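Only one chain is shown below, in structure tokens, and it's the form deposited without the partner chain.
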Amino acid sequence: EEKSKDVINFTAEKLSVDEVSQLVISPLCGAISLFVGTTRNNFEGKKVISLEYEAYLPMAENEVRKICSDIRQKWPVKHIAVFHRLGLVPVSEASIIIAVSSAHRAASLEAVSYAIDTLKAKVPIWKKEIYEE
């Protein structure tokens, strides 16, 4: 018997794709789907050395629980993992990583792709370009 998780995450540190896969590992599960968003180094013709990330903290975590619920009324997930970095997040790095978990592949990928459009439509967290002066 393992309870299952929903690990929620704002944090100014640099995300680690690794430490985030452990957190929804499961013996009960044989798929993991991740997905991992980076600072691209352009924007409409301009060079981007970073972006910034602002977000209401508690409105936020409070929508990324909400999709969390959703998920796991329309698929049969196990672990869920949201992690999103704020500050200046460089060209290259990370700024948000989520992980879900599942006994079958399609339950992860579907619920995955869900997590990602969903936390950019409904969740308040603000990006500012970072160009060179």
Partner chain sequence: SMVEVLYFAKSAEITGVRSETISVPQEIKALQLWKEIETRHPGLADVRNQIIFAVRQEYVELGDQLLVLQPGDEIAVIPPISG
Given for the second form:
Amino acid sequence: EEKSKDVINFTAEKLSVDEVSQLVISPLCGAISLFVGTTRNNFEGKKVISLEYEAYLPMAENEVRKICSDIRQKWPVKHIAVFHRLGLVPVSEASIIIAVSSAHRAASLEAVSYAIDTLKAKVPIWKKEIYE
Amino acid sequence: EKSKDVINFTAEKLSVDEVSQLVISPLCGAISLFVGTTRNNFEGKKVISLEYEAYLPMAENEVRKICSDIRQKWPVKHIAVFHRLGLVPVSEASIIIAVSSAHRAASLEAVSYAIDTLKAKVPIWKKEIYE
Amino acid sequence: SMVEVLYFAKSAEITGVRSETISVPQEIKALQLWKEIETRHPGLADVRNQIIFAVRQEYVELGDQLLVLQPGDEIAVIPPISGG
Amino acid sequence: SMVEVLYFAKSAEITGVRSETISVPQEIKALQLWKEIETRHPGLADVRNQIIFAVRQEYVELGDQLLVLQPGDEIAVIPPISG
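Switching forms now, from the form deposited without the partner chain to the form solved in complex with the partner chain, please provide the structure.
Okay, now the whole complex, with that chain kicking things off.
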């Protein structure tokens, strides 16, 4: 009996794909999908050096818990990890990492997809492009 | 700047971090990954490992086709496909696919297409090893 | 009650402050509450059409919704969001 | 042409070898290529419905498609894929 986990973290730390992927591994699970959001070096024609992120905590936390819970109402997932970085995210470093594990692959891919979409639509977080 | 198709078959332990690293581009805001891992049970029996055999270098070439077709359907940048051969113990990774793009929809859809098409067209077989 | 208004993203740039406390009746409709806030930093008039509230961390659209606010409740001014 | 036949998965359990060499005419029918293989290993008869070929690392159906096989070419016997 392995408890299902929803691991949610907002943090100024640099995010690790390996760290986060390990938080969702399960001997009962054959599939892990991950989404990693990274700062692009440009936006609408101007060059970008960094994004800056802020959030309404703890509401953003609660809203992600709701996403976790809705995901488990449809899809047979085991573990969900959602890691969002706050403040300054320079180019090519990760602002978000979402991971989901399940027994089969459709669940993990679809739940990751619903998670990132729903996060962008519902979770009180905001970015400011910092230009050259 | 140069779009990459990184394909590799190996008997070594696969690393999510190493593979994510290979698809990073300043031009991309998105990376999707699929990771398959050995489950500990099959049809109700307990499983200690999974054994993978491939036909190379045909497999590698069927994966090239899948890349190319991916780049025709979706504005992607980098694609990594790594499959482990041999014994893959419980909770270790048999496959890692990673795709980067400007925006998320392309990477998510490419990854999904890759794993489906890989499971259908690529000459690889697995035997379950039980307790 | 005395409530805490939180200003996020653009809305903090305009008001010029991350938060403040203001006093509001116990019962007030959400539009009426926005009007109080708008009154208090008229720059916010510009974005009156692209803002939502969170009241006690739950979304509230600016209309006839009747709010029953308790002391210390949080009213967040939520410009259009951009996570991930 | 002396060609290499490779038995993957089920096909190798049945044949008892991972590969063998066979001599076949340069121009040969895919199903003819099959009959030559069954003949060495009649057992493969039982798996016949479930096999496909790969010639020079490109797939091909067991039909009357006409093959041209050069010496040393590989012919893979591919039962259903589980990667």
